[PDB]
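Before any questions on binding or motion, here is one chain by itself as structure tokens, the form solved without the partner chain.
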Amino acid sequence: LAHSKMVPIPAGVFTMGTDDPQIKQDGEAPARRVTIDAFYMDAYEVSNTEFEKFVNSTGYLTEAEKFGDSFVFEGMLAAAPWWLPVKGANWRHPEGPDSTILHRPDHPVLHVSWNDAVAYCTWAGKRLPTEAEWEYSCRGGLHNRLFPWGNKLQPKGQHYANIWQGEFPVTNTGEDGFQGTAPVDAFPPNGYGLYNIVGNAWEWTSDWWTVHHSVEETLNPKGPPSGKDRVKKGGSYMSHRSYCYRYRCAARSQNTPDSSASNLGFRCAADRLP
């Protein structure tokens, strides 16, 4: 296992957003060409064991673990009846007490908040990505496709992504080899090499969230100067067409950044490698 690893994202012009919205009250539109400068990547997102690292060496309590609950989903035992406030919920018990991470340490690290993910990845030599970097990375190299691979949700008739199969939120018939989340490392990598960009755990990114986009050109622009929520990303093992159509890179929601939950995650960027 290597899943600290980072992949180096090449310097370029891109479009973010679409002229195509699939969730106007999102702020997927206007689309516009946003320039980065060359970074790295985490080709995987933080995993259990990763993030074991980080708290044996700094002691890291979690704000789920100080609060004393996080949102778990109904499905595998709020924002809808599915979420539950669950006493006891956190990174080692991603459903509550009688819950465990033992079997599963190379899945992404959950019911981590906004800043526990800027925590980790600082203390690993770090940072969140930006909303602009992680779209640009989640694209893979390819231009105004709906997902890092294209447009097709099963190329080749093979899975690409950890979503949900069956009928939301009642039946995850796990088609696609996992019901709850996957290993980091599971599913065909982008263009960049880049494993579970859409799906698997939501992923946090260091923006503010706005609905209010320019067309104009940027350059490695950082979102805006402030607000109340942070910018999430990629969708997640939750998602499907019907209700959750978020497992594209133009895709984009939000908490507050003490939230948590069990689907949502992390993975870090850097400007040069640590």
Second form
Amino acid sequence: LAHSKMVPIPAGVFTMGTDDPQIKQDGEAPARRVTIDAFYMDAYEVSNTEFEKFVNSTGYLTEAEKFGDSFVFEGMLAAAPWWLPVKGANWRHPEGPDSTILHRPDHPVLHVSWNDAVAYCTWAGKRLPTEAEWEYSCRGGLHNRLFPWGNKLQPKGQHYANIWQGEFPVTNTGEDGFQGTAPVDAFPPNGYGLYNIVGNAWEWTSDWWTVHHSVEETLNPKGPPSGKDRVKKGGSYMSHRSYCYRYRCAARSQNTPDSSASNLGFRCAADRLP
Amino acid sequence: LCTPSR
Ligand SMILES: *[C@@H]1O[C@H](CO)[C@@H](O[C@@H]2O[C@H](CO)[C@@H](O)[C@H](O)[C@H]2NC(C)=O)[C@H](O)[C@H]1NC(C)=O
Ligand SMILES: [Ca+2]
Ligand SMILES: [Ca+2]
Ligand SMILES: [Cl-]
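Could I see the form solved in complex with the partner chain next, after the form solved without the partner chain?
After this comes the whole thing, all chains and molecules, with the earlier chain placed first.
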């Protein structure tokens, strides 16, 4: 296992966002041309095992452990009735105190806040990606497509990401092989070598959230200089066409930096190899 | 809404 391996993301120019926004309130539009310098991206979401190495090394207590609770999705025991703040839910106990990660060491780490993620990435000699870096990487060298692999959800009749099948939130059929999270190396890689960049766990980025974007061309943009929420990308194992259609590279959402939940993780990036 | 904030 090499679940902390990084891949080189080539220098290039790409179209960020879309002029055919599917969720207009999220500022998916306008499409804008963004130039990104070559850098490195984690191939995988950070796994439980990799996060445990960090905690073993530093003694780091995550914000959810300090707060004493975190949000858990009801269907596997708030912003929605299916989200409960569960006392004692955290990265080691993803559904609460009588859950464990012992049988899922290679699944993405969850209940990690933006601050937790920055701590991990920095410890590792890395950083969070910007939203623009994240999206460029997600798109995997294709232009103006819905998904890392193209415009069809199940190309060649194959599942390409871990999202929801069935009627959300009552019934997840597990058609794609995973009801909850999958191992960080599950499903095909995209054109750049990235796994689970859409679906599985949501992923934190470094940017403050705004929905107001210029059409101006930019170089290595960092997002707005201030805000209250940080940007997350990519959707999760819970995502579905009918409710949270955000397993698209252009999609975007946000949370306050001290937030944590059972569907939210991260991956790191770096300017050079650590 | 996909993840509630704390
Ligand atoms: C994090 O540290 C714990 C505690 O050292 C590791 O678990 C122990 O590892 C030793 C050495 O291999 C084993 O002999 C013990 O049986 C383990 N004890 C426990 C508490 O399980 C653990 O392997 C480390 N995790 C990572 C990801 O490196
Ligand atoms: Ca699934
Ligand atoms: Ca993901
Ligand atoms: Cl989701």
